[PDB]
Each structure stands twice: as structure tokens, then as C-alpha cells.
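Okay, so here's just one chain, in C-alpha cells, the form solved without ligand ATP.
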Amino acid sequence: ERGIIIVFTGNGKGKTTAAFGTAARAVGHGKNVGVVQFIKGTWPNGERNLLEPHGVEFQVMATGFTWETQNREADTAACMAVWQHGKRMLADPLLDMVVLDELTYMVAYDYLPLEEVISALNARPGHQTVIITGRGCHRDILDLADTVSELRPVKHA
């Protein structure tokens, strides 16, 4: 089938879970999936723990990433390194789905060029589906997306 781009944005909770839920279904179906998490959690990775043993490549941002204004050079460089993996995936004809978790902040803080993104998305293997997660998704990215679900928080605990 033709791979599409899906975006899970908005301020509501479940963006990441949605993306991992899709991935889970894909794997359950025998598809090849690759994952990039631009934001390293200070906890244990349930999703990774689950999926990884199933041949799902995982790429997580380095611990060293600081988000500090005076560290833009180093942080940009760490983001670039992790995104290299992402571009590679976005170039793999054998990967049925690619997950770019928390990609929106990387763009929103200018740690990665939107243009590289657009380009990478555009040139991907036709059967490839890509899932983008994160609050405040860049409009240009939304314009390119096939599906956009906005998690609106009706209530939050």
C-alpha cells in the first residue's frame, strides 16, 4: 500500500502512546519498524523493552542533551547525530514504518532543520508510513501529513 504520514499532536496526553500503539500493531502484523525518540526519558522504556526484542531498531537521544541556551552547539550536534539514524531509516526500502517521537520539539527549538525533515519525508520509500509525535507541530509538517489527529485535553490528572 502507499505509506502515509501521520501526526499525533495537540496538548492532550497519549501522543506517544498512539504512535507506539500503531507500531505495536505493525509489528504484530509482521511489518518492519524503526524508531527514533528525540527525547530521552529519565525512566525505564516500557515501549523499548517490549518492541526492541522484536527486531525493532531504537534510537534515543543521548543523555548528554541539555536544552541549555549556552549549549546549543553541543545539543544541536547530539540531535544531528540521532537524526542521521532517522534519515537513514527514512531511506530504507525495507522499513514499513518509521516512528519519530517528540520530533516536534527538535524543530520548535531549531535543533534540526525543518528543511531536512521535509526533504527526508518527501523522498521516502513509497510504502513507508511515518508517525510524528509532539506538541506544536510545525505547520509545514502538518501540510505534508496525510492524517493529523490533535489530542485535545478535555481533562487531565
The other form holds:
Protein chains: 2
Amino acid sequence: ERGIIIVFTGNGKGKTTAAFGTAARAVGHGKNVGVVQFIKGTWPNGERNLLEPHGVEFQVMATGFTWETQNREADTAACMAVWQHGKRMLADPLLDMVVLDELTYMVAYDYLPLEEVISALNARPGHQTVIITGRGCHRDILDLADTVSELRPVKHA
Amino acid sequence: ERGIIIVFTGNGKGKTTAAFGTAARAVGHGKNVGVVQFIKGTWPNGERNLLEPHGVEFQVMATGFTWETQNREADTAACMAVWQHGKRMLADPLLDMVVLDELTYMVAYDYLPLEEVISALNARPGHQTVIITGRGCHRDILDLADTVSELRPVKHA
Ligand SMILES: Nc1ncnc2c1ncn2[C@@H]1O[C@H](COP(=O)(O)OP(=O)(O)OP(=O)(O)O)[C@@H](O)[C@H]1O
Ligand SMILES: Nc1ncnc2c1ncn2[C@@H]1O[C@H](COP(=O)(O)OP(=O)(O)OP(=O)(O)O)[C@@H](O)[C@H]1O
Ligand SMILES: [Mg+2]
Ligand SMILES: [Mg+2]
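Could you drop in the structure for the form deposited with ligand ATP bound? We only have the form solved without ligand ATP so far.
Shown next: the complete complex, the earlier chain at its head.
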């Protein structure tokens, strides 16, 4: 099959969950998946706990991440370090799916060059499906995507 | 850029020429191109004469090719041999463009499995543009293509 680019955006809950439900499906089907999480949570990683042991590679942003205006140099460096792994996955012919969780924020805060993103996506192995998640996804990424689902919060607990 | 699939079909003259005019443009621009010609001509290869010395790989069907109903086994084997090279080009991340000249006939006469074609096209490096030429291109290849130009013979000398 031809790999496509899927985007889960919107303010409603379920973006990251949709992405990992997709990765789970793929894993359940014997496909190879790699994941990059651009935002580190203070909590234990259930998804990772589940998937990782199946051989799924996970790449998480370093704990140092500040978001502080004063620390942009250091933060951007960490962002770039993690992205290096992503670029690698986006170039691996053997990876059926790549999940780029909370990548929208990286672009929205300029910690990752858009151009670099469009390039790596455009140049990925043909059968490779990429899932991108995050609120406020950049319009140029949305245009490149094959499917864009916007999670509209009709209600939230 | 994202590689696309271009198809030059129709009964009008200019299919092979359009494809090689495209390859020339690409070469003139420093891009890497590879070519497979599914039909061997009795004449000296001008395109090849021109391009080949620029490093362009050319793969031509063996001279043995018969089209004879009695020889399908041997013919299909030769077809498959040449296609092996094509599949390789369609998997090379460093090839910006791949030309599959007269490939339509290979599928139309069942010397090459359609499925194999759709697969290799679908799985090619993302920035890879493929040009397919030939009269009566299979509908399933036409559907996969991004641009399909049909050469309508309004007149022919
Ligand atoms: N509208 C909302 N208000 C408050 N918290 C939310 C809202 N939407 C999602 N969350 C939660 O905030 C955290 C960050 O989630 P994010 O903004 O990335 O949403 P999400 O990816 O759609 O959430 P989830 O991981 O549950 O699918 C999550 O724990 C998430 O469950
Ligand atoms: N309608 C036609 N009648 C006769 N000869 C034709 C016609 N169209 C093309 N030709 C010639 O027949 C040979 C096979 O060409 P083919 O059917 O593959 O056309 P083509 O690829 O469009 O031609 P060209 O290589 O000139 O671009 C060529 O030498 C070609 O120039
Ligand atoms: Mg999320
Ligand atoms: Mg021709």
C-alpha cells in the first residue's frame, strides 16, 4: 500500500490516543512502527509500556525541556537531537509507520524548522505511513497530509 | 519535492520523446536518472547516446525478444530479467527519476505482473518521480499516476 500522512489535530481529546490506537493496530498486524514523542510527560508511559516490548522504537524529548524564552538555544538543541531520530525513522524503508506525537508544538514554537519537516515527509519510503499529532498544526503540514481529522471538543470532563 | 508518477500514453506521437525530454531536463538540472526500455529498437539509440555518458543508467530488453505466442516462457523470462533492474531503480533513494519506456506493452501482453508494478511504484523513495510510456496503459496504473497526458493523434505524417 502507499503510505499516507495522517494528522490528528483540534482542541478535543483523543489526538495522541488516536495515533497510538493506529500504531497498536499496525503492531497487531505485524508491521514495524517507530515513535517520537516531542513532549515528555511527568507520568509513566502506558503506550510505551505496552508497545515498546513489541520492538517498537520510542524516542522521547529530554527531561531538560523548558519552554522558557531565555532557554531557546538549549531547548532547540534538544528538540533537534530528538528530531534526528525522527528523520532517521522517516528514512527507514523497513518502517511501516512513524508516529510524531506533539510535533505541532515543535513547529509552532519554532524549535524545529518547518522546511525540515516537509522535506523528510516528502522524501520518506513510499509505503510509509506517518501520523502527526498536536493542537494547531501548521497549515503547510496540513496541506501535505492525506487525511486530517480535527478533534472538536463538543464536551470535556 | 515529492516524486510523482507521470504517464504519457495515447496513439499520438511524442510519448517516448516526452519522457526523454523530461529526463534531459532532470539531467540538465543535476538530478540522477535511470532508464529502462522495454522494447529494443533496430536502430541506434540517440537518447542513450546523449544521456548515457552523463551517468544515466540504461537498461534495454534483450535482443532475443520475440512476441511470439509460442515463446512466452522465454520472453517472459527476459522481460522479468530487465524488470529486475527496474525494481532496483524504483528502490534507489538516490535516483531522482526513473523512466519506464514502453512498459505498457509489458503489462498489456502479460509479460510483467501488474501487481508487481503497482507495488514497486507504491513503495519507491518519496522524492522519486517515475515516467511511464506506452500506448494503452493499464487502467490501474493510470489511476495510480499523478499526471496522465494522452497524446491524441490529430494528424500524423
Ligand atoms: N480540552 C482539554 N482540556 C483539558 N485537558 C485536555 C483537553 N484535551 C486533552 N486533554 C489532556 O491534556 C493532556 C495533553 O493532551 P493533548 O492536548 O495532547 O490532547 P490529546 O492528545 O488529544 O489527548 P489524549 O492523549 O488523551 O488523546 C492529555 O492528558 C490529555 O488527555
Ligand atoms: N501514429 C503513429 N503512426 C506511425 N508511427 C508512429 C505513430 N506514433 C508514433 N510512431 C512511431 O512509431 C515508433 C514507436 O513509437 P511509439 O508507438 O512508442 O510512439 P511514441 O513513443 O509516441 O513515439 P516517439 O518515440 O517518437 O515519441 C516511433 O518511431 C514512433 O516515432
Ligand atoms: Mg497529545
Ligand atoms: Mg514510444
